[PDB]
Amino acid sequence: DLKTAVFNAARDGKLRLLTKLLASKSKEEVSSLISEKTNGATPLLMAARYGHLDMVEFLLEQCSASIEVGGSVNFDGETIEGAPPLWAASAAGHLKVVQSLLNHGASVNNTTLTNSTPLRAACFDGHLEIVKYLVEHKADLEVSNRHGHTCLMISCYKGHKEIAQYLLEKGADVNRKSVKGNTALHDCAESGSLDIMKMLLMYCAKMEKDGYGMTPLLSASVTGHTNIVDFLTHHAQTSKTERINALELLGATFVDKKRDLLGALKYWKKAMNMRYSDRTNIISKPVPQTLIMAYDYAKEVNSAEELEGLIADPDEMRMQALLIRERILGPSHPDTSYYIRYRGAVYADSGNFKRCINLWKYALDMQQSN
């Protein structure tokens, strides 16, 4: 009864309602009731989560004991486990509460069970003042989550140029790699954050293949951020062969993600003309080992004159898209099977269940083998 009404009172921010609940209880008894978890969370953690400053000051002044105790907090319908009060406050954008918990001695790099710092948390939803305040209170820029994703990486992915700028001038390492080889440049490519990408390149960020063998350029081609593809295909650090494959893959993404066939064809014609713009250095389309029944035994166009009529054969353009993606990403990259399945589902929507089944059969074989 009481231990719950205490939790509900701290969660909702009812400090008048709370005080009357403990009036005739001992400092011993109170330290117990505010110590106990409800819905996986301390009263202090909920007080901080929903930004009730008066409530935070009160609870700490009874017992500083729950300040580093992690628990369950909900952000965007997701539960997050092991989150201390300072982390929850930071995630939620409650600056005054962030300032109060640090005043009262809170540990500025104490993490969730995923090893996410309060700094990482503030970097996510883009709370610049909390970031600045955490860093001016000894927050480690370089503590990554358990996948090795950094504060600069998430800052880049969520398109917060100011926060990324502040981290960079405060000395953040731009060439860190996630366990799967993600760099901040890859985060820029996958979000279409062109300005941040340009900033990273002035801080001498190196473009590298990730664990899937994807450069920032190709990561942008997969996700269909044409702003990044246009920039990096005119950049000196990208070769003729890299531009051609990036244009062709972006072409496929236009077919499958954007359902824009005219746009796909523009990209394929550009890449095809690049392929035969020097008789001294012809870049020929690689021939795959075998024809695929699920692709109707189709073969990539290998000439400008083979592209011209393609607009009139949408089915041929969808098979070209799957060949291109399989050649450039390979079967280990999750988007290859994702788009095979998607294409199957589209045929099923037309009433072609057989073609759906044959594409899904080959997709499921590909997934099992990964």
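By rigid core we mean the largest C-alpha set that fits within 1.5 Å across both forms. Positions refer to the first chain, counted from 1. What changes on going to the form deposited in another entry:
- Only one of 63, 323, 69, 53 has its Cα shifted by 2 Å or more between the two forms after fitting on the core, and that residue is 63.
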The other form holds:
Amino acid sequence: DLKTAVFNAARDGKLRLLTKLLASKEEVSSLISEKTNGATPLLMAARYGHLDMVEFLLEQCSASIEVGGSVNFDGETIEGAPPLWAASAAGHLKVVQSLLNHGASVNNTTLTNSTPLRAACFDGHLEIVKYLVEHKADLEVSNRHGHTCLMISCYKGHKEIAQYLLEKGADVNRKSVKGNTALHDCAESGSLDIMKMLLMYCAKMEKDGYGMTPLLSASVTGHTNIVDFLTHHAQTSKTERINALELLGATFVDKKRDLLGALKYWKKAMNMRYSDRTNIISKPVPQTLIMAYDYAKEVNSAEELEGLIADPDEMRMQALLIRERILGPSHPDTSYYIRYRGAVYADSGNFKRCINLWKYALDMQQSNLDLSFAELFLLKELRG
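Can I have the other form now, the form deposited in another entry, not the form deposited in one PDB entry?
Left out here are the partners and the other molecules; the chain alone remains.
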């Protein structure tokens, strides 16, 4: 437990202890290189910003500047992390500066292929982002999901960081492995200002792997500011606008529990559907009536909408019908909200209606293969 001694001295930065322990014992290289619970001494010194510990660990020994291990941020541990990455994630500009000035490689990644740049973008360390970019950081190295620095900056709502990255030449139209673009990240976080900034670079609106445009992503997540903006943008068609407002209404029923707000967006959508008398956009008709939906059908006229507010259970079946039509059975929100609706009926004593909804959610997710009950009793939020 000599290795464990010098390790806690570095981790905690109490330097005078380490200096005395080392100078008594060539072999010191073997000591500081001791990997204690994932972390090297260099890794813990940088992670907790002990500049002079880092400054001396490097200048005294052949201390390995690249050897990554485990580190911890807000409970979520990450692996393979070089010291430059840990300092970047934690925001220790001075540690970041001397690490680089001592020859650390600016683009060496964690296990999940996260760069120092991505880590500083995640936590909003603008000064660190500028220093990394001005010291040759590669803007386009994405993590293992293909999520870029720009995308996480947008997802986190870091406007000045996203702005700087676009000034530096970040590709605004990258897609992740799942088809996510930075426009989707703005939509999901409600970042209207950052979305407008991406449109200054002609960011293209695209469907992701789920078939979601950024307009639909804002509807799924309930960000009405994005939906209002994009339903008045020439790059969205009349039919996309109608479906986006109908889906947003469904989100208002199930996520916001706001039946009045839902009715407002459904009336807008019904108005658009009937605006041109020579080209009515009427509702698609599903193959069958569904028992779990109480055999309901979507309203197909403004007159069918005027009653609805007095009929909360009808509005709730409309919401399920809308989501299955627009999102489809392989989008995770569909079975999720079927199960949530079944749970609310269970809580009020209607177990038959609950069981039918749960059976149908289970049959749906078993029919579409290539948030469980136990689990309950998103992946962008990973610095890695």
